[PDB]
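Since the structure of chain B is provided, determine the placement of chain A on it from the hints.
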Amino acid sequence: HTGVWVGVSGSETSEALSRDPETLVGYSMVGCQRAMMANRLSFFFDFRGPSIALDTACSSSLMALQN
Amino acid sequence: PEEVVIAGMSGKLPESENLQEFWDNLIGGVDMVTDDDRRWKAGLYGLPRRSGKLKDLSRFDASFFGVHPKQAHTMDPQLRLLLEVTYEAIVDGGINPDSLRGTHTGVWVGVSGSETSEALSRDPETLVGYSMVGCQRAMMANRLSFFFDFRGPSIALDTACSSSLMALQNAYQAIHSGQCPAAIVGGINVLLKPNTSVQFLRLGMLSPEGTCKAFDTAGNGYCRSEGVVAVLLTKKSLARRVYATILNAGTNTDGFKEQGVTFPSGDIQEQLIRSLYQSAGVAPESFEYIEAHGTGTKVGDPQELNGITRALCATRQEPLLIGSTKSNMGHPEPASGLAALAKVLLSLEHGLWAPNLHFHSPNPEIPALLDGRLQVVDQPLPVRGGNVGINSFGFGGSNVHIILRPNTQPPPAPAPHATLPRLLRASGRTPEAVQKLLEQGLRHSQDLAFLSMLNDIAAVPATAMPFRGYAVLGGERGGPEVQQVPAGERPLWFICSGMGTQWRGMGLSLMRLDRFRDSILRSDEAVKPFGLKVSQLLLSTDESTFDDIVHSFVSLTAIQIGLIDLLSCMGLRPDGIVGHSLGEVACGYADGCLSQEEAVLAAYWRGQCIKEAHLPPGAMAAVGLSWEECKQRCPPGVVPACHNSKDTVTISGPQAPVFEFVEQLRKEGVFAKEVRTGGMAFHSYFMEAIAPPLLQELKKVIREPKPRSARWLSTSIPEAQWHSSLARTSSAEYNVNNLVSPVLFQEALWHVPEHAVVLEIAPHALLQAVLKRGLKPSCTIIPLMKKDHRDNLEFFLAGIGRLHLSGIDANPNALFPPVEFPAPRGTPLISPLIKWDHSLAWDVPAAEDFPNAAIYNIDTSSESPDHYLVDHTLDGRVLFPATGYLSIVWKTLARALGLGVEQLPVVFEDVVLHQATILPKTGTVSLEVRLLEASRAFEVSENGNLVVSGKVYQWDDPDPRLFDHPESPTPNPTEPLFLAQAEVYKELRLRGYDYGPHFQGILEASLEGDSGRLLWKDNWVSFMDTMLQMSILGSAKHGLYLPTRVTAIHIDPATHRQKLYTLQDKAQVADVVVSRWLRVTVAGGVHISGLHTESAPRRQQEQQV
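Chains as they are written, first to last, in the deposited numbering: chain B, 104 to 170; chain A, 1 to 852, 859 to 1111.
Looking at chain B on its own, in the form it has when it is part of the complex:
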């Protein structure tokens, strides 16, 4: 039941990959969406606990550690 808490405040790669609607690819979202920062870790490492990505305005890492 291990949980993953990730504090991320930037999503620039998703913005860059999805800019062009004609040639953008679907699986770009599965790899770039903020929620997938923790969900991908839980998927690979097979953790059944909470999988949350926080922003919380520049204290995201320490807030995730507190959680």
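Derived from the structure by calculation, the hints contain no laboratory data. By construction, the Cβ of each residue, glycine as well, lies at the ideal position given by its N, Cα and C atoms. Wrong hints could be hidden among the right ones.
What the hints assert, rightly or not - Between beta-carbon pairs, the in silico distance windows are:
hint : chain 1 : residue 1 : chain 2 : residue 2 : range
1    : B       : 162       : A       : 949       : 47 to 53 angstroms
2    : A       : 1072      : B       : 116       : 58 to 64 angstroms
3    : A       : 843       : B       : 128       : 29 to 35 angstroms
Just chain A, lined up with the frame of chain B:
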């Protein structure tokens, strides 16, 4: 731990402006997914044509939330809506947000989109720092914490499709362990960028039809939608209304899956559900309705429903109802959980289960539906009873589940206090909001809990909500009163009137309250020994009950003390206290220097001692004469009794001389009236004999004199003596002195501060006219009672309402018995009643902002740098000069090359003006320039209409020879006479050109018009247009000719700077030459050749008549 309840709820959902419209759509069966093109053109990039979209995103009441207008435009629409939704949610629970200020209330918001930030941060040359503060995802919760002043955690979750429900679970955990007393849970989603929908379509999640047909065989996907919902969670103690209690809430992740990340796993959901309902202690058979995810996916639906079947339906006899709200409104990704929560709460409140749209045949892979274990809500099914389960499963693999216990508080049993009228006080940003609150409260006047909740939130400072209103509910009459509240604080003053106010049966109506009856009974216990029961006197029908002086005094004092108790029950504290004749004791009690027992006993002993004297009769009558004139005019044995006001004074003395003086005064026409003296003179020498026994009796009753207060302004002691011993302590001596001393009431009125609110504590507002006349005009007078009124309770409630309307804060609830909480199920929602100030529309990103051309806005406003264009009026209407197009094209070319305008010598060729653009008086016109570097061609357009075209390119090798002035058409004009500026422009006016000061650049021009001098005002457009004016000046043809084609224009700033020379003034000029043989106009560093001018209609409308 403490219990967690859902105190409040609000939100804006697809095609619903509030929760009441959302319920009207849910129960009514109207599909909330629309086909319009509000966000972007339908069918873009092959996207589905249908999706759920809020009604309006460009509304926000910035002034209320302390946001400057500039930051409001750059703020994320999600946050703009979420601030209002959160405020609505807080009040919806009956909790005034001021109570939560400074606490550790937490804010958890589930947001999974930052489209607004991307649009505002696309231009590095113009983006401002506000867009970071307003649009950053971290500010979604930090802004709410900042405005509402919450000291608890402020996080913004980003798990997709579970962000809002995960936030609710986190808030539940925080409150459960005692970390927070209350929490704000929010979820927000708005559709702005089509590229995200294109990503979802490529992934295969979206449905071609756009319909989220959940639980049906034909499930192609889901359809996106946007919604904003906020929920207030509080411990059991703070909740006023409890929609439902959270028995347990948990979360877990699917972990590694063979199929992939996106493929849902039903076994993990089953484990989560089973663990939650086991740890919560709830048996599976208790459940009645399960809010499945129900996105309509061909794979997710069977997995989720089979997990539910294996977890809950294993061993329950009655079928388990299952429903999904996404078939009604669509799928808001992060705010999906809170939308289902809102649907469940509304269904529980109204007793009916909103059905699911688009369900026709069950999915064959779900055996539970075929054999009837799971019953889908096809039709509105009445609520029977049991727990409710809400689960949302993000597409990334994060699961969240919730167990609810619906509130089932039965309506309270009827009570006597429900019969009598109640007071409703409302506050709002605009008059319409106050009227809405008052009307909704009146429509449910019988509901005590609803009225109490409304009264709780109405206490907002007049700065935040400037419009206040009140409405007495259940009275014999009374429509709502609405009016604005003047800013600033207003002192509250108590004025207690003297004798002459008592009337038969006074105060019986007010005794149907509990506080007044309690005070009356306490007074009765106080003066019980003598045998006078105030209750019997008030209830006694005989008119002589208040004819007896002792009964009059005792009952008057008791009623005034009861009124003071009622006022002090609401929390009102006076700033000043003025007494007129008797009521000084009541004023003392209001101040505190006298206790109720002491006050009543002193009044009674006062009255009884007055009787025992049996002194000769003395009648006192008010006189229309002024104080000064009457006091010297008084006959022997008659003096001025009370200085009520400048215009009227009251005198008491022997009946015969007083009557003769009254008749004499009537002779003179001065106002005369003999007030009821009961046959005994007051405030005269007759009371001098009564002094000793009264003082001794008061000492018997009063043994511990206490100091007077600063608020109390003694009207029996002259102001010069306010430092005296009697004025220091309200001992028996003070009362005895006030009995015989003259009543200097008007003297102390001058000290009432401007804008004072005056409450006349008395059984009858006798001195209302005196207060009006003798008080500052800004002051306010409130009776609080009336003589022979049908129901004095209604009058008192109206007085309290008027006190509320004046900015003073008084809560009517304290008067009536407390209402049992939590409120009964079915109490009307309060969030839909909140109306804001939405007169202004704020900027919102458009589809054209996001990725998938120079623009110039010509603004003629005075502050605009292009204001000089207003001076170029042709034929009575403003036109953009052709040189204006040339200048903007030159600037665009300079920017393209990177050089500054003055560094780029440019060449134009084959310029053609297809149409003339007309600058409006108000607004702006956008001109767009597109350059083709390879072809050396340019094009100016307006609203997609071509206006100018030609060829522009840099001048590689400038030749100063070009700008040498050409040979004159005439070698020797030999005329000393020449046209000056005034004459030149008089001629041009006669032709039809009306140029203002900025475009009058010709200092002089030769008679033939070939050669002249031009000004140089540091402006290129004006200079080139001046050259064109010089060219036109020579034409013999009449009419209004305007440029249509220019073969070639050469501009060289270096030779322009070199050619310019200064006159005797500091102004700078350039010599111009026009050659009609060679069709060339050379001036300074500009060279125009082949100018072609085509006759304009020169027809103006509304010509002078």
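Tested hints:
no., hint, in the structure
1, B:162 to A:949: 47 to 53 angstroms, "holds, 49 angstroms"
2, A:1072 to B:116: 58 to 64 angstroms, "holds, 59 angstroms"
3, A:843 to B:128: 29 to 35 angstroms, "holds, 32 angstroms"
Of the hints listed earlier, there is not a single one the structure fails to meet.
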